[PDB]
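Only one chain is included here, represented as structure tokens and corresponding to the form solved without this ligand.
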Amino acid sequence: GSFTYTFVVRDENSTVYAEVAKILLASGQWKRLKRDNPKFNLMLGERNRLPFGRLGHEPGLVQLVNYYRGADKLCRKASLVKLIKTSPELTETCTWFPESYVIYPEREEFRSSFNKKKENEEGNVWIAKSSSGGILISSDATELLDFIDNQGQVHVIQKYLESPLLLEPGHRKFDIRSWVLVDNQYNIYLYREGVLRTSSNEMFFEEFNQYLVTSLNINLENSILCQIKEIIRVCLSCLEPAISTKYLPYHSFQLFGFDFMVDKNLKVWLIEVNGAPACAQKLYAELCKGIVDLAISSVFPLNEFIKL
């Protein structure tokens, strides 16, 4: 063994990949080339518009890139809503996806679903946000559509979470960020350390469990984490056929940021998936060292996480 693999960095602003790069030059087995040098083993590409087309064309060079072409399908709200509606064993089993509708500046089922709820006298407050975009949280259909026509960005209206689980003594809402790594072979690895972002400000799984227990008859693994694993798995297993690199001339892996919400019933809902998530300062090192361990050296060996 004992080789020297190469790599280019096309995304300077990525803290997660600037960190991976420092660990790559650390191994003393990696050499960073020039931005436009075509002879790399690894490419830590740019967030948007990455030149996938020019990969794997240098004969003899096995190439790996830190992005899965077409993964924005799962990372763009509008696309995410559509990917679920179509999907057979998903749209009818998605008890974890908020009721969503895409509107360009559809809109048909929205009303037929807004009214029903009006005539059944139940929670009927929605939220308006952009797919690649700035949000509005009203309760009147027209008080939203007419607002999505002005902005002109093709948003989606989602059933807002009215009864969210809170955190005392500050009594404040939160969301959970989960890290998932998908290697070149399509193994789904979930980083054990998650993170909670609260309002009016951050709490790791550690502190979060000494709360879901010392003030409730349940554990973090038995209530939320369990559900989180199921949603991640479903979403990625559903996306695979549209992004598999099985028959492509290069390999790819990607780190995803899954963001969730929990209501009072202790139910977990998917809020969104982030294709280029940053990290929490305390985790970078352990996280990034895991990306080189599982997604990089697993392809380019050197001298010497929960798998869903």
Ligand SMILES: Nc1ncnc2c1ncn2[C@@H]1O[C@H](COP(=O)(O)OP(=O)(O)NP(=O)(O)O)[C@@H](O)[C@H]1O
The other form holds:
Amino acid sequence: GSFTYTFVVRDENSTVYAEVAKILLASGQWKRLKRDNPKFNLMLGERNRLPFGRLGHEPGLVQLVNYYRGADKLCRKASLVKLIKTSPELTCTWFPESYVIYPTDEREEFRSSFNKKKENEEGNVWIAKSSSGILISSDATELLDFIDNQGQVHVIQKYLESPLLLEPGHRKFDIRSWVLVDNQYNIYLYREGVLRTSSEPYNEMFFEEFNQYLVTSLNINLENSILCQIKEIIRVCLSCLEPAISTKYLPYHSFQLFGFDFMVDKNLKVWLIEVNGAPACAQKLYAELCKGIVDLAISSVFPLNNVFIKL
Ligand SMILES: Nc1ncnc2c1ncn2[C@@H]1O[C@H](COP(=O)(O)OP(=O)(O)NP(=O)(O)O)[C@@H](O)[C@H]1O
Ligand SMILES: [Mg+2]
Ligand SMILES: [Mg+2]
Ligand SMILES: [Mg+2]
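Got the form solved without this ligand; could you also share the form deposited with this ligand bound?
First the chain shown before, then all remaining chains and molecules of the complex.
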């Protein structure tokens, strides 16, 4: 329809959306405006503290923003924990046992869990992390100190003592998928992940080789084990969040890119450890990705004249 849409960029430092800001121009149908110009169709907003209250007011403007208000209820450690312990649906065998500790909480239920394991004489190594410096120990009282020492509401999570290692180099790793949730709440998983292998033994590795280390050194395949369970976790996590961030009755549209962080243990079991709301990408994939975003979440709303899986 030879029409030209408009957009503002409120986050100059996002490499994922500094990229998108381009691919748009590439279609010859988009024009970037002044960061403060309110006549935009699409707003590539800021990582945190985004002005959602001013969306869908400008007369006649249908607006889309690249963040779901309230999506931090899944992205912040402490929140993610409450969310899984709240909704009855969350059968969460894939989520490390976790407790929120306020410096000044669940440190009482934590101690109970800790002591129970101590008497049953089983793995009792935990890791204390900050919701937004990490400690890994077996001493509760000590872990709790660390928390109180530096006020910042930490989370005490059960540490995976039996992690699937790699080689050469026998190093620990973690996988990270990219999930795109559009304005109608369709979920799309980019066919490519990325691993963050460790330097010292127990570099960034892609699904290219890793799909091999699962066969040329193991039994099953990349799909028949990991990629299978990963989909289930994504689906339930976002399904439990929908009610609290659905834009069905809001005066504007919303879409968002999430970066899920997983881990695999000895028995090839996949655990969820974190979900990042403003994930960057590999310098390599930054292209086939940012184009799926425009295709699936932007152009789907503002029409112009495989790679993704729909969970
Ligand atoms: N439950 C767990 N069991 C085993 N290892 C874990 C667990 N949780 C986290 N880790 C490891 O701890 C590392 C850092 O934890 P993470 O929760 O990602 O912290 P962060 O605050 O986002 N910081 P960053 O190190 O920049 O990613 C991860 O890359 C994992 O290798
Ligand atoms: Mg929103
Ligand atoms: Mg996004
Ligand atoms: Mg992290």
